[PDB]
Amino acid sequence: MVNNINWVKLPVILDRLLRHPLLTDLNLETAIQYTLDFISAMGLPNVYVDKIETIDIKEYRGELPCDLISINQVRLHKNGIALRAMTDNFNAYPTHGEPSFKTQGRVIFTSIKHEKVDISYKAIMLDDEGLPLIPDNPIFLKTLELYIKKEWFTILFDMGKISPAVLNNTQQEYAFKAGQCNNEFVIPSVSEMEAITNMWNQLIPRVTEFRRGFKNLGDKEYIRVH
Amino acid sequence: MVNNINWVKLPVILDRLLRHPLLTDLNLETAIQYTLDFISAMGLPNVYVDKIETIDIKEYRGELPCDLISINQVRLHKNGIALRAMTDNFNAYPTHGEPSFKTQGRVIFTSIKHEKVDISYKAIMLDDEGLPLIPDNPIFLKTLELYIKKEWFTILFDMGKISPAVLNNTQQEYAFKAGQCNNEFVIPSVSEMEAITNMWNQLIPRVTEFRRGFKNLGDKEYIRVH
Amino acid sequence: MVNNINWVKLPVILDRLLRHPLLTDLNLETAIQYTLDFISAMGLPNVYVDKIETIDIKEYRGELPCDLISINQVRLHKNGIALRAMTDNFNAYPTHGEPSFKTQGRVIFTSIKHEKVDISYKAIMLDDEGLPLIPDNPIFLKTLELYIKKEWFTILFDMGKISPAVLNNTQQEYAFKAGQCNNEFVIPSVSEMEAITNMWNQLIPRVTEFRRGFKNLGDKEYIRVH
Amino acid sequence: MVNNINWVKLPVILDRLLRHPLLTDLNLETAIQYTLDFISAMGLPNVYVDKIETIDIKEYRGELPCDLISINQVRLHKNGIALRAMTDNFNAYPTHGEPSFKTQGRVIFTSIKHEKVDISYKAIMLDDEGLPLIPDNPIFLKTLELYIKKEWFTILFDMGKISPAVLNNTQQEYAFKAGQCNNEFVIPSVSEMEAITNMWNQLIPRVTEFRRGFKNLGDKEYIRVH
Amino acid sequence: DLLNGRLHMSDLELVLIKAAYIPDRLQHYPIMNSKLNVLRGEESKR
Amino acid sequence: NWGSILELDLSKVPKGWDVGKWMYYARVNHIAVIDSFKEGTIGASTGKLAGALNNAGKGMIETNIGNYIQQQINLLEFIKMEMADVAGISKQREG
Amino acid sequence: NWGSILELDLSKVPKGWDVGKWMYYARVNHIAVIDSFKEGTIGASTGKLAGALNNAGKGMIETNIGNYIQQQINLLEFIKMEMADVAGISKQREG
Amino acid sequence: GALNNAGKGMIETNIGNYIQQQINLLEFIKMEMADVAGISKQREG
Numbered sequence: 001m002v003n004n005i006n007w008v009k010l011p012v013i014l015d016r017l018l019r020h021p022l023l024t025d026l027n028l029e030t031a032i033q034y035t036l037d038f039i040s041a042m043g044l045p046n047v048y049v050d051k052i053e054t055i056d057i058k059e060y061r062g063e064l065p066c067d068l069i070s071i072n073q074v075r076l077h078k079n080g081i082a083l084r085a086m087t088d089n090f091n092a093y094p095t096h097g098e099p100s101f102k103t104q105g106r107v108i109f110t111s112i113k114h115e116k117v118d119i120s121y122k123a124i125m126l127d128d129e130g131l132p133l134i135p136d137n138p139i140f141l142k143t144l145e146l147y148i149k150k151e152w153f154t155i156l157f158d159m160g161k162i163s164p165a166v167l168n169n170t171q172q173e174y175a176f177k178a179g180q181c182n183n184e185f186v187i188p189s190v191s192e193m194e195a196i197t198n199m200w201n202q203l204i205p206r207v208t209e210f211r212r213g214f215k216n217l218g219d220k221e222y223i224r225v226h
Numbered sequence: 001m002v003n004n005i006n007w008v009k010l011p012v013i014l015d016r017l018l019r020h021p022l023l024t025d026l027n028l029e030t031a032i033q034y035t036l037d038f039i040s041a042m043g044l045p046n047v048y049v050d051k052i053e054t055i056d057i058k059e060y061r062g063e064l065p066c067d068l069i070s071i072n073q074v075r076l077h078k079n080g081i082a083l084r085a086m087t088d089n090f091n092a093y094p095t096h097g098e099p100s101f102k103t104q105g106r107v108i109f110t111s112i113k114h115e116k117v118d119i120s121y122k123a124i125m126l127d128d129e130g131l132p133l134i135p136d137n138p139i140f141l142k143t144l145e146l147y148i149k150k151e152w153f154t155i156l157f158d159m160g161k162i163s164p165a166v167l168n169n170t171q172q173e174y175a176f177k178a179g180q181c182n183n184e185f186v187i188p189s190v191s192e193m194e195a196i197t198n199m200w201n202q203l204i205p206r207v208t209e210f211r212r213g214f215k216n217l218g219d220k221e222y223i224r225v226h
Numbered sequence: 001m002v003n004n005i006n007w008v009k010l011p012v013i014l015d016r017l018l019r020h021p022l023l024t025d026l027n028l029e030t031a032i033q034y035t036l037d038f039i040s041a042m043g044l045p046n047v048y049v050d051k052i053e054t055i056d057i058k059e060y061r062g063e064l065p066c067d068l069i070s071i072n073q074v075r076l077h078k079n080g081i082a083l084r085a086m087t088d089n090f091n092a093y094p095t096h097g098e099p100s101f102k103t104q105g106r107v108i109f110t111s112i113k114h115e116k117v118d119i120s121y122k123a124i125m126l127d128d129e130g131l132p133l134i135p136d137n138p139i140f141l142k143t144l145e146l147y148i149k150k151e152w153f154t155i156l157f158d159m160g161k162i163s164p165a166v167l168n169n170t171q172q173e174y175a176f177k178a179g180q181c182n183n184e185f186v187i188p189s190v191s192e193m194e195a196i197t198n199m200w201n202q203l204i205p206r207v208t209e210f211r212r213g214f215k216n217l218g219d220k221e222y223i224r225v226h
Numbered sequence: 001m002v003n004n005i006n007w008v009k010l011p012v013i014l015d016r017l018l019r020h021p022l023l024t025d026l027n028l029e030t031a032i033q034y035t036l037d038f039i040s041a042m043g044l045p046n047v048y049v050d051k052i053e054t055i056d057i058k059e060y061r062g063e064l065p066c067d068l069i070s071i072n073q074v075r076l077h078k079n080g081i082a083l084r085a086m087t088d089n090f091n092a093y094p095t096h097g098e099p100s101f102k103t104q105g106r107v108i109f110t111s112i113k114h115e116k117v118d119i120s121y122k123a124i125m126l127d128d129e130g131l132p133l134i135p136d137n138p139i140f141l142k143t144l145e146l147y148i149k150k151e152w153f154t155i156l157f158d159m160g161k162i163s164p165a166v167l168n169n170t171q172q173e174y175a176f177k178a179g180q181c182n183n184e185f186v187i188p189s190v191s192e193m194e195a196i197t198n199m200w201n202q203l204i205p206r207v208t209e210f211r212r213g214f215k216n217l218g219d220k221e222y223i224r225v226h
Numbered sequence: 001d002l003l004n005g006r007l008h009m010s011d012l013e014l015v016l017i018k019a020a021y022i023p024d025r026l027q028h029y030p031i032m033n034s035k036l037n038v039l040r041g042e043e044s045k046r
Numbered sequence: 001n002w003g004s005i006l007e008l009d010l011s012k013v014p015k016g017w018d019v020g021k022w023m024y025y026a027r028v029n030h031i032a033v034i035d036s037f038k039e040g041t042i043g044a045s046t047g048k049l050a051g052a053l054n055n056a057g058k059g060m061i062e063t064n065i066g067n068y069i070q071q072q073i074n075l076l077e078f079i080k081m082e083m084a085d086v087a088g089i090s091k092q093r094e095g
Numbered sequence: 001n002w003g004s005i006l007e008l009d010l011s012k013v014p015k016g017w018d019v020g021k022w023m024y025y026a027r028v029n030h031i032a033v034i035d036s037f038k039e040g041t042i043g044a045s046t047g048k049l050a051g052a053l054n055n056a057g058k059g060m061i062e063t064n065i066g067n068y069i070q071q072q073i074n075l076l077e078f079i080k081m082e083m084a085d086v087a088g089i090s091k092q093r094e095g
Numbered sequence: 001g002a003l004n005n006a007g008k009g010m011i012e013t014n015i016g017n018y019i020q021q022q023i024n025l026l027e028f029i030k031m032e033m034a035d036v037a038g039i040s041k042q043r044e045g
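Protein chains in written order, with the working numbering: chain A, 1 to 226; chain B, 1 to 226; chain C, 1 to 226; chain D, 1 to 226; chain E, 1 to 46; chain F, 1 to 95; chain G, 1 to 95; chain H, 1 to 45.
So here's chain A without its partners, still in its complex pose:
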């Protein structure tokens, strides 16, 4: 992402929607739900807050933080060696290796019995209220506004209170801005294309960046003169 994510409260999206006199029955409560549907459906990893927590595994199980949304990596605390993924069907089960993890709910399922693990994860940024906080990006803000205008107009079109030409314009305009908003958040900055440059140009290919926290991923590869 080229621009920085400056945070603003959710009611800044309601100044923009209630400029439209057909969207004047909108609420904070409706703006809360349609934001989280929009934040999810875009899947932009720049909208989330990166956190790291150390949890302790009791017997192939550990309790996961409350704010966790997606795990970046799980690693061991004493080694720093990262855990990949549990493909075993019979993991902590005895009959009569490379460590792994698996997460379903608020429980993580590891391959190690009694160990502390660091979990680097993503959460949602909150307010003084326990409410979501959105980027002030006028591309993000415009297409979140067009998201809610397209969900409200879809209800109104089912009711028969909106022209099919009106909904077709809103469905088209949200469809353009959703790609512009995707490209706004995905396309790297100059400082991220340098780390992409160093990963791409490697005379001796570095193929074990998952073992670290992808720390040396964008590091530059140097060759001695001889």
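Note that these hints are calculated values from the structure, not bench results.
There's no promise every hint is true.
Derived EDC-like pairs: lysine to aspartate or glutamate, alpha-carbon spacing no greater than 16 Å straight-line [what the hints assert, rightly or not]:
| hint | chain 1 | residue 1 | chain 2 | residue 2 |
| --- | --- | --- | --- | --- |
| 1 | G | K58 | F | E82 |
| 2 | B | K102 | C | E192 |
| 3 | B | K220 | E | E13 |
| 4 | F | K21 | B | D219 |
| 5 | A | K102 | A | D56 |
| 6 | A | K220 | D | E29 |
| 7 | G | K91 | F | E82 |
| 8 | F | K48 | C | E173 |
| 9 | C | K116 | C | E29 |
| 10 | F | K58 | F | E7 |
| 11 | G | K21 | A | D219 |
| 12 | G | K21 | B | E192 |
Which bits of chain C does chain B cover? Going by a derived footprint, with three or more residues having C-beta under 8 Å, they are [as the list claims (entries may be wrong)]:
| hint | segment |
| --- | --- |
| 13 | 5-11 |
| 14 | 76-83 |
| 15 | 208-217 |
Quick list of the computed label-pair ranges, beta carbon to beta carbon [what the hints assert, rightly or not]:
| hint | chain 1 | residue 1 | chain 2 | residue 2 | range |
| --- | --- | --- | --- | --- | --- |
| 16 | A | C66 | C | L203 | 23 to 29 Å |
| 17 | C | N6 | A | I204 | 52 to 58 Å |
| 18 | F | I89 | D | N198 | 36 to 42 Å |
Don't be surprised by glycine CBs; every beta carbon is placed ideally from N, CA and C.
Since chain A is already given, all that's left is putting chains B, C, D, E, F, G and H on it; use the hints.
Below, chains B, C, D, E, F, G and H without anything else, positioned relative to chain A:
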């Protein structure tokens, strides 16, 4: 899957449906049936709970757990060696090998007479009530909401109480979100692409991962220097 | 098939149909006939129960079980050698080899005069009542429901009591779910793709699996090191 | 950009809009919001003011300036060596290199504990009032005017107060001028094509311009005669 | 052992078998033997 | 220079299968079972979404660096030959 | 002369993935997982935007400088040969 | 109108490419066996 599956109760889908004034006659009872049809038709293996049970086979037959929906693997308890599949037409039948299993109802049909077997399977996650528990994923939640809105509008279109343009919009919007919801749950995380990387890049190909519980499937292949 | 076939009674399909107020004159009697037409037209071999019976052949003829629907194999009881098929036009008829069978009604016509044969076959699963028992698969259940809704609406369209747009939607929706239901039952599990793997990868090709009951079909082929 | 960016106040766009008698209910308040949406959606880096600030990092964290919109580069103050990007998942976290940075809100997250860093960034140019200041470019000014005329007419088309032919003309005319305005600001001057010439024509390729502030990027490459 | 046609799987990889079958063990093809037997066959004739 | 990159969508990987074991059995068998009747593909089949979602084939991130690598290799043989001629020391004279 | 430049859009890089690690695992595997059902692609699928946004293949910034480089190389062999003939000193006579 | 058109179909299985592939592998394995024994095909005649 990139995001974690945080569980929420079924009435969270009814706050979203009853925002639509044509879906105000919906119930929990209708939300229960349309959820299970949706959970099945998507076939996402991340929505199910992985369980392991040891059952004992009396004579080529054993009684299967009550919550079982799909078997991951069946294996022997004393060896850990996995059972593949029964292709025999005349299995436990005498006239005048590699072990196998076969499951139809609540009975499993194995090739071994008197043995204990571990069964790794999938079930549905339940509540304090014996009712399904759904992911809080706003992509899953949105397309389950669009599933029920498309089944209710299909009845209303047969009755003549909905425009064909209204149903065509709901059939289109469910059709997009159903692919977005499929890709949301299928496309691997960074930690699952590492196990996919280690399986894919193998100088000496490892072709017997079914014998284990696919335990060493995503393990990294190392080559000595010489 | 990935999921297990848990059995439910036929009236579970009638809770789903009578949610539709145009299908409220449906019966168990109509649900019985339309189920058997649907079970047949799909031809899924996972919906049937595998049975094995030994019958005795008196003179090139034997009496077949009452529940028989399709024969998997016929084999000899003393040898276990399987019988292929009767291509002879003049079989048990004298003038003035490899054994075979042929079945038309409740009679099997073999090439062997006085012998006991094992017949591995498929039947329909019944209830405490002598009535069909259907899978609880919400993909099977949904497309059986759409089958009956499409047969009932076809009558109503001939009567002039249904829009041609209503029948065209039901004919389309049954057409999608019938392929999804076919693929749900046909596409192998992980444990059946292992037996498919062992049949496919064979350095010395095994081309006589019909002589056994396809017992060693999915067995793994091993090569000695030299 | 070929032309220079001479700054004018926001009410110069309102002389142009209120020439249109359907846009006579427009305000400064509406001109402020639609300008910032337009400035963002175009993403022209010539509309922003380049600033440089030195901040001090306390422990892998430093407080970012208030006007910051996008970072050009972050570099160290004592060395001048530039920082690339944080790909580490476990950065300032201990267990039991090439420096980097990461910015989310008003906080920067570096790889260096106690250090002063220079941040070259972009801000918005303001007035004597704390309000945006726009280029006087009659291409920029015309397409900002067509932006606001297209957002106001989209509301009026939803209300039913504008012909679909009127909105289709405004959506077309904004669509042409938005590309003309993009090319007006992007296509280099003669003096920027000379620095582009020197980067492109390099017998010994210079591939480390990020380490400097891209200072020697457009420098001419000289070859000695021999 | 390599000249005698014996492949130790622990010498060319880190092993996560002991049964003499190719689905988990590896065939060895003796392409280094013919090279050595020229040089000892030349030494016989020097 | 890396190889060609295949861009792969997983919309037809069947139900109840992981991408790991599905790709694992396609290494072995060189056959991949798919599902053209998944719920993710109801749009293109019913006419609601663009039919290119069930078509078009898989794309390639292919950069043609090998023509550039061969061009530099051919220039090195040209410059090694010109240096040989100005010195009067041929490649036949070097061996 | 640089190589061919591939112009690459990232509209199908899946959710929750960075462009760095997504490109990193495509170096290794030579496979890139994509998402044809991203929210950025709802326009072309629903018929609202031009269907070339989910199609058309990737463009190339390719300048054909190698035909120009070969043309100059062939002229240098022509002028080195004409100079040889006017002096009466062949290339066979030079070795 | 395809009932008076379309030309005649062929039940053609391409087994000859498979037969040639096996024949080429037999020449490869007969050649590798020759090399490991140090007994060439030129040395066999």
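How the hints compare with the structure:
Simply put, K58(G) and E82(F) have alpha-carbon atoms about 40 Å apart, too far for the 16 Å limit, and the pair is violated. A distance of roughly 10 Å separates the Cα atoms of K102(B) and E192(C); the hinted pair therefore holds under the 16 Å criterion. Under the criterion of a C-alpha separation no larger than 16 Å, the hint pairing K220(B) with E13(E) is consistent with the structure, at around 11 Å. Distance hint between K21(F) and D219(B) is fulfilled; the C-alpha atoms sit about 13 Å from each other, no more than 16 Å.
Among the hinted pairs, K102(A) with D56(A) is consistent with the structure: their alpha-carbon atoms are about 15 Å apart, no more than 16 Å. About 49 Å separates the Cα atoms of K220(A) and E29(D), which puts this hinted pair outside 16 Å; it is violated. A threshold of 16 Å between alpha carbons decides the hint, and for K91(G) with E82(F) the separation of about 13 Å falls inside it, so the pair holds. A hinted pair counts as satisfied when its Cα atoms are at most 16 Å apart, and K48(F) with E173(C) qualifies at roughly 13 Å.
Between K116(C) and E29(C), the direct Cα distance comes to roughly 40 Å. Violation of the 16 Å bound is thereby established for this hinted pair. For the hint pairing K58(F) with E7(F), the CA-to-CA distance comes to about 6 Å; that is within 16 Å, so the pair holds. Between the alpha carbons of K21(G) and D219(A) the distance comes to roughly 13 Å, so the proposed pair stays at or under 16 Å and holds. With a C-alpha separation of about 13 Å, the suggested pairing of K21(G) with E192(B) holds against the 16 Å cut-off.
Three residues within the 8 Å Cβ limit are the bar, and the segment 5-11 of chain C against chain B gives 3, so the coverage statement holds. Here's how the segment 76-83 of chain C fares: 4 of its residues keep a CB closer than 8 Å to some CB of chain B, so the rule of at least three is met and the hint holds. Closer than 8 Å: that is the beta-carbon criterion, and the segment 208-217 of chain C has 6 residues meeting it against chain B, so the requirement of 3 holds. Under the hint 23 to 29 Å, the C-beta atoms of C66(A) and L203(C), about 55 Å apart, miss the expected range.
Roughly 56 Å separates the CB atoms of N6(C) and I204(A), a value that falls within the hinted 52 to 58 Å. The hinted window of 36 to 42 Å between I89(F) and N198(D) holds, with their beta carbons roughly 37 Å apart.
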